[PDB]
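The chain below stands alone and is given as structure tokens, in the form solved without ligand GOY.
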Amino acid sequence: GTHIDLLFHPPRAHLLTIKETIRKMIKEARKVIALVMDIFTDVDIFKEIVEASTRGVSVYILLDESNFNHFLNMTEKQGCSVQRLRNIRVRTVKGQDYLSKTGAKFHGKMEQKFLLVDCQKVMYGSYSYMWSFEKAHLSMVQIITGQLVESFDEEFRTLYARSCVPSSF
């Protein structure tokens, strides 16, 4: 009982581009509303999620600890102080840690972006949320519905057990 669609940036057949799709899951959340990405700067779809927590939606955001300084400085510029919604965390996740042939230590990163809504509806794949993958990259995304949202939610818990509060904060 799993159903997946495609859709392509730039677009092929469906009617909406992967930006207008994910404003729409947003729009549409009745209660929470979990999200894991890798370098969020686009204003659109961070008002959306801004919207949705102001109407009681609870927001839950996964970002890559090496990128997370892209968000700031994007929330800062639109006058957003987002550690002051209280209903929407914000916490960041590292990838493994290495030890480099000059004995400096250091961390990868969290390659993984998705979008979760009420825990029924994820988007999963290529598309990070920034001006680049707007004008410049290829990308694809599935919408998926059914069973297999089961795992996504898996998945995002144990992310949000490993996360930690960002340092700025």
Second form
2 protein chains.
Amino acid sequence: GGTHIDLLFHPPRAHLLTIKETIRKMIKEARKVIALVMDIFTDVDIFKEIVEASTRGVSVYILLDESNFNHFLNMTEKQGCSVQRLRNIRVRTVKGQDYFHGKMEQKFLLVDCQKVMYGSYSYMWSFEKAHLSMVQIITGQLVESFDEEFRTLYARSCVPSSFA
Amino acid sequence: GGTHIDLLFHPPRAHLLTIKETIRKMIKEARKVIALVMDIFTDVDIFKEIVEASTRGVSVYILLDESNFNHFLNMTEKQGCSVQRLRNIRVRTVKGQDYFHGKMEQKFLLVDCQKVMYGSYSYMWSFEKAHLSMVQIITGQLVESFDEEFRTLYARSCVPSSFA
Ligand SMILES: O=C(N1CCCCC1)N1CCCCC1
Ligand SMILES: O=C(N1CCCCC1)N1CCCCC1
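Having seen the form solved without ligand GOY, I'd like the form deposited with ligand GOY bound now, please.
What follows is the whole complex; the chain from before opens it.
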């Protein structure tokens, strides 16, 4: 059992789907579990796909950088889609050492312990329209290391202050 | 000819060197060529290592995000180490589509067409002291795809306004 990696770019280069389309496809095809680590999450289309997955019964765990968490909350509020009342979604925050906010500068999407998207694409409109980015689509043995890193992060994460 | 990937974390997890130490080691061991793509470059220790490599005769190509380029310039000025007068170093800028600055949100270090460090670690004091990050150390076939992506970026890069 080896590892397979494909690269995708924004803008696209020698592949048929954009990175956003690929994210949405990965989430749409999720059967069991989605584990997301993200620095900034404001993209409504991606959020919708994740909400939809959770309503099909997929367990969703999301870890967000604490210092940008309010941006995700604002988006969920605008959408009328409180994450606290969605029973298959858990959202927790992760921070670094303050000195200026210390941040979780890691992001990746893991689906079904089978496929990881790892790269520089953040879930914001600006990554669809403005920024250059790249990711890897990873399958096989290395996915297990992303599973373990997700668990490690999850263990260092907090309940967001807002949730009661 | 396959690909080998090791993961490193900051803070470290089950490896002896920090990511910064590993960056410095990679640069120290460079024999022929360093190709760096970086969003923000203010770390003086890393800069020093790169300057030193160039004085040994290693060709250095650096692509920086245009919107943060002034931070690198400021650092090189503070250090009294003008990059324009170092003959083995070329520095060019890359930007995305403006709307607010469109940015090159990609970073990686490629050394000798042999080893790539790819991940979320930016060359700034805050990644040594404050932020959580991770990278991959990549060798083997996938390095070739980073070579091609570097060339693609280089082809879309500009001479920084300051250089004349
Ligand atoms: O089931 C999981 N997974 C983590 C690894 C990838 C997906 C499966 N979790 C994460 C949160 C703590 C325990 C449950
Ligand atoms: O020699 C290179 N390299 C790029 C790929 C990795 C290292 C070698 N360059 C890059 C800039 C344009 C042509 C020369």
